[PDB]
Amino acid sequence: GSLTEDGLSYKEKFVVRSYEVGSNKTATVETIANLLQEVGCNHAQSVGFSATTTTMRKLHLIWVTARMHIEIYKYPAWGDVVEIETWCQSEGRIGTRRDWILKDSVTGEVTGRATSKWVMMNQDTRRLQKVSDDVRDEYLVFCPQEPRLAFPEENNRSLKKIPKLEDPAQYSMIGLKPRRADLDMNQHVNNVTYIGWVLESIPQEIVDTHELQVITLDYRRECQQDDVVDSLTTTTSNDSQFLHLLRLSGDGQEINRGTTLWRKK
């Protein structure tokens, strides 16, 4: 990959691998999510972040994902070359936003697009705080100055409020644990693993007859190495809609909530 001409976005090419495809001989949303985070990491390194600044490292401050929204038109096939462009922007003191565009390399057409909100947090106390000038002024030089939105539409489906699923849930998958391969280098559960967990309680009937178009996922609380998660899903509707909740299998503490949209194969 490489920074674009104007040094305000980053592009990278990927060849979809045999182990990255699912039931439809096409790439899973989890794989696509992995490619989002990889190109995110390449961009952060390209401009010298490591995604903390020296100011952030001094104050033990980290970015964490508050929300993730992914929309896929076409899942790329094994051996297909996909191009992903990414950029991130200030939302002032609220936090940053990273956005992605996925293209078919050969035809040049948009096959998916994604957006995510990141909030600034104390590493140790786990306490969210508004973004200060010093921090903003260090990263604003690496962001397009004009607004550039992957989801421009004046009311798109990335910024709607996700309600809490109510017991009893229609579908459930019980006793979900992360394994050591689900842990980043810092022993924090990978963000893409929550996506797997949410989809675990989607019914087989739907996997068989429908394909996933849109997923929106709120991050409330991280799941630790020795936590257990229950995955809850209820229908809310050609198209199929589902309300989702991850919560700790014991006391039922919420870690994630979300929505998915499925179109008929």
Contents of the next structure:
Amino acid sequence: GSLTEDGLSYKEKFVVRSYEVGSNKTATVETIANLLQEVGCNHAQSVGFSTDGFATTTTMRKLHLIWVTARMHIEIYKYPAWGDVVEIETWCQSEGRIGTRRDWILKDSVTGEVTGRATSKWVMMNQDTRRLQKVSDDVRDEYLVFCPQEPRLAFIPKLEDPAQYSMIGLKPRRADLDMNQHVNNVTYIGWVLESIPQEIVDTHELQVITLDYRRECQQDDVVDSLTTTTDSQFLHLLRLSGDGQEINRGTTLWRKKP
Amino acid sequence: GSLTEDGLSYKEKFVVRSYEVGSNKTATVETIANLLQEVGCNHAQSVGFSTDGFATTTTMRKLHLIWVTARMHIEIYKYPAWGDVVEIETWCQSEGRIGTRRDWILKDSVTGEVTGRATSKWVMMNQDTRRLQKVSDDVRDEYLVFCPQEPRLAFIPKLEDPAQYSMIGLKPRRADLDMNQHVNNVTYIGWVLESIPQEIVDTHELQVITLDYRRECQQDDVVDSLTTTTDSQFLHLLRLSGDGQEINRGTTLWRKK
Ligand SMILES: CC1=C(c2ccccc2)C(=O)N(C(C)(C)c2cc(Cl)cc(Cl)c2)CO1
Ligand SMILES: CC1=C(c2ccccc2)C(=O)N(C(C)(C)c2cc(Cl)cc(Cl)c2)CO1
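For comparison with the form solved without ligand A1IPE, kindly provide the form solved in complex with ligand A1IPE.
Up next: the whole complex, starting with the chain shown before.
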């Protein structure tokens, strides 16, 4: 991949792999989320951020601050097949003192058609206290020149008991942990979807997913995935085993297979 | 990637991805096993096999047979870092009537130094009955021309109760199922390693894994991973939760970091 002409966005091509696809021989939404993160990480490395975190700025490192996902919104018009080339363009925008927003456009590299779009909201957290805080001038100074400064946009209630559907006792595997031994953001997507009935997954494609991130799942945590029906639309809640804390809430929109 | 000069092997380069690495910022053994499968799948497609199975020949389709892994043996000398370029060469050889053998060599793309090797034995079976079939002349005729004909080589007891270590209630998620709707062969590797104590994983690197595949885990099955100590060496057993039907047995060899 590489920075675009103006150095304010980053493009990368990916060949969809045999193990990245599900029943339809098309990329899973988990694969798409992984590719989105990869092109985001590669953008960060191309403008000189260190590999030790997600675009931790010098001052963020001294103050023990990290970027964490508040929200992820993905819309897929067409999932690319095994062996297809997808091109993903990504950029990051400052959102004043609240945090940063990373956006993505997915294209079929052969046709140039837009096959999907994504947007994510990231906030700053003290890595030690897990408390959120406003982006200071000092931190913004260290990344604003890498961001388009005119707007460039690619583009949830709490599930009530009883849930219509559930998948309980979901556990992180060592493969779900990133370099920092934190649960990968993409695992949460997989967990949300686990409580959708197989009959829906077998006959529908996921068109839209919106996830709110409340709290991390640790390596030794156990998670329950809860789903209620609200094209089919669902409301989602991930919470810790034992009526523990909410970790995620979300919605999905599914379209009938063709 | 592409077929090599003589058309009897396939090479592909991979740039190791951010999410493919663990603690040391080097590729997981699960990532390496996935890349091995991918370069194997891409070889199959380059010599004309369709995506509907793992290199199902015309006659295998008529007889309702598929290739399944009987045994996987991987040795890693050096796990490549995030952003490193690894080159994998792969080829397939007939094993008389027993089945096929796919081998892999992993190299540092820049130095040509061999960083790993793998070999796998694959057998023909009806997925539903699990009944094994010796490779007939008619099936061999449909793939032998894509294989080197002279040998080219890249290069287990049942755990007794009680196991020293265990991880119980392991269940496949939707991402663990392949395009043909069965549990990915790499999931079994992850499950085996789940019962290795954290203290070993934190201080050691996996140098060797040998897995014997006894029968498939279905989408709704629940698995127990059992490990006993035998450089540290372990014996491994994956069995169905409840009835204790054997799914896999294996051994691992770990070196200090
Ligand atoms: C400085 C910065 C950038 C950033 C901004 C402009 C250019 C490159 C990175 C950035 O993308 N950040 C976030 C947190 C959005 C990010 C997202 C992703 Cl999926 C990967 C990385 Cl590794 C990081 C925040 O901090
Ligand atoms: C015909 C064939 C080939 C084969 C033989 C020569 C050239 C290409 C494929 C082959 O590789 N087979 C196995 C089953 C070993 C294989 C392994 C892998 Cl990791 C992927 C595929 Cl998709 C299949 C079996 O049958």
